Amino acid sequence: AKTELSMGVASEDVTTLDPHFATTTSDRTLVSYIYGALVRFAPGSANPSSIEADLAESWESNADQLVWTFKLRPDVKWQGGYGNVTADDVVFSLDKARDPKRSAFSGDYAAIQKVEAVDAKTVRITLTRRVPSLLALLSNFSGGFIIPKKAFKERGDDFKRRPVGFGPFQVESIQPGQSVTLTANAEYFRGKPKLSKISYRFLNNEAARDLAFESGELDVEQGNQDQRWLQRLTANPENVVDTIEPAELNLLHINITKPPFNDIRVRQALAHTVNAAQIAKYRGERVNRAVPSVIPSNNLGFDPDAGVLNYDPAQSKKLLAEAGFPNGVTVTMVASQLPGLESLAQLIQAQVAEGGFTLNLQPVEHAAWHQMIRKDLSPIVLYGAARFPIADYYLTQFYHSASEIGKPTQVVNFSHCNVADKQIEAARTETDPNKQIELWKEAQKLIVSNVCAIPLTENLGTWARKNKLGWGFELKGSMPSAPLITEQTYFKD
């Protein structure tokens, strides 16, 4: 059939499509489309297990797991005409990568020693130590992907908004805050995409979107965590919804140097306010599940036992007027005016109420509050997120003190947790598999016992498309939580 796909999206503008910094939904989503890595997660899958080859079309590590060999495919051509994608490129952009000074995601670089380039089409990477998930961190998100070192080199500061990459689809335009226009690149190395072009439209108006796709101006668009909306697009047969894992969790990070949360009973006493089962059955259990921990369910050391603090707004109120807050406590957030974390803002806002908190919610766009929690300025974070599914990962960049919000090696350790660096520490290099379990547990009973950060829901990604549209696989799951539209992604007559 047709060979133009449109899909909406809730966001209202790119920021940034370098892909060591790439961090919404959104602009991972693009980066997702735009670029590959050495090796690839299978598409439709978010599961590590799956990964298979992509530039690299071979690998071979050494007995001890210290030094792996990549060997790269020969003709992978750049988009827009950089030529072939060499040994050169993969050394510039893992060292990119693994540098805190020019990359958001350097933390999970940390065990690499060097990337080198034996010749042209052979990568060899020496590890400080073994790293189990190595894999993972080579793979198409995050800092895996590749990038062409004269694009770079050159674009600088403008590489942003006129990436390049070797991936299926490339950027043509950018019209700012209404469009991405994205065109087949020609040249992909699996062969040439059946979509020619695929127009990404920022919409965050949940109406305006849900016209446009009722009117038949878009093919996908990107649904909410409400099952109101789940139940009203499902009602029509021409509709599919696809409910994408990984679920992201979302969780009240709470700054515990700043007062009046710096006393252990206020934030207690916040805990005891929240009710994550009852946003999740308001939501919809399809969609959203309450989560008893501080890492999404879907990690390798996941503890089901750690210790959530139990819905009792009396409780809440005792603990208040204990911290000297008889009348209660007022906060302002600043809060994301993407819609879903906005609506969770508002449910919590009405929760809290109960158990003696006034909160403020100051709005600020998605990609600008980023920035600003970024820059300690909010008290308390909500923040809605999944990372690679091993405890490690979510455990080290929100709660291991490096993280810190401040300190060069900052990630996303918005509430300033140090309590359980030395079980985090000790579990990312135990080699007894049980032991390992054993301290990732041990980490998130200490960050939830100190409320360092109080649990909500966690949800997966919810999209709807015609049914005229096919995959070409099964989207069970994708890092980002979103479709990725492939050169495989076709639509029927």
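Residue numbers count along the first chain shown, from 1. What we label the rigid core is the largest C-alpha set whose atoms superpose within 1.5 Å from one form to the other. First, how it differs from the form deposited in another entry.
Of the residues checked (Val131, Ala367, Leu309, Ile390), the rigid-core alignment between these two forms shows a Cα shift of at least 2 Å for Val131 alone. The rigid-core alignment places the CA of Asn62 2 Å or more apart between these two forms.
I've shown you the form deposited in one PDB entry. Could you give me the structure of the form deposited in another entry?
Just this one chain is shown here; partners and other molecules are left out.
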């Protein structure tokens, strides 16, 4: 039986395999193969209702939902001889995850007061205030992944390149800018993987990646957001196409503090000459959808009536003239070379010329671009992402003033949005589902009318597999919008 899987992704390299820092789809995908968490999404699901036992066998909460106790499975062992997974490892991981100096996702854990190892198999988490979902924070995504205290202490700066998890796969070696070689974790607590090896290959160029998949060089390849790729790959009977939840929302985040965009009329002019409905139609409706708000449509608290500015390029030119620009505006955007983001920026560039904007694009490799946008190097940021499907996540990270670039608490608030802080904070601890949803909708209307960010389309993850490969479960979703490979993944006879 075939046991070695070859996979091709839209990425140039590994940046970090430390789960408290892994942000790009590619790093998050590799991290989902290496690590586990206290709780997890069911394999093949990106649905929170599927949150179930992983390292924690079970858990208990008190009535005020501030104290959560987790009972750890005793049979879970670390990769690379680091022995049994203990409560001390969980305390270390969660204390690191909630630390802004040692984590990119500390903001998610702001409500945590303390994490205690009651005994070797028992973890107690105490919250200062209520969170919409504590289990969400402790799931196998972002800062929820558990790392060994002793392995991080020993490896330090090398840990991001030599990761240690308790997941079904381990990193044997990294071939910088070429591939990651993963081998089966033979001691994986749910059983020995059916696959012996994963060759995870960096194949950014779409035409080259498609050739490699077509020839059989790859068993799995990442697709794009275009219906032609979808049609061509379905036409060959040896392939199966997977359209994966969650959909990642793409927005033009405008830095509201920088001229000419510190004038609301200029931001409104830009919002009126982008055509999200045309983007969805051009790309294809199965994978792509125009979003009538500034957060993905699958979110608890989503506002379908957020008041998104309509397509009116005549109004754009009228607004620009009122703002002192009768001959238009030139904007230079630092643009990611991730092919989907590059194609999207190219379609935006053609569209915004209708309303008087000359959009110049400075192409930069994706991971380097991620660092530049976090140093305020672009006046506008074309960013595509999904978060845990509760409005608090997307709203805090992208639009709360504490998340703005330049602060030690910075997340992904590229727009320097500061209009919905009170509504975001109030919704976070609001008990009843309806008035919590109303505060979230209030936040969305304020973010939209201030034109902090212009929503475009949201896209489901697109991947192709050869018929011979079975995921070992039905693939509907995966939090990174990329396939999950587990101990159940196998090749058919």
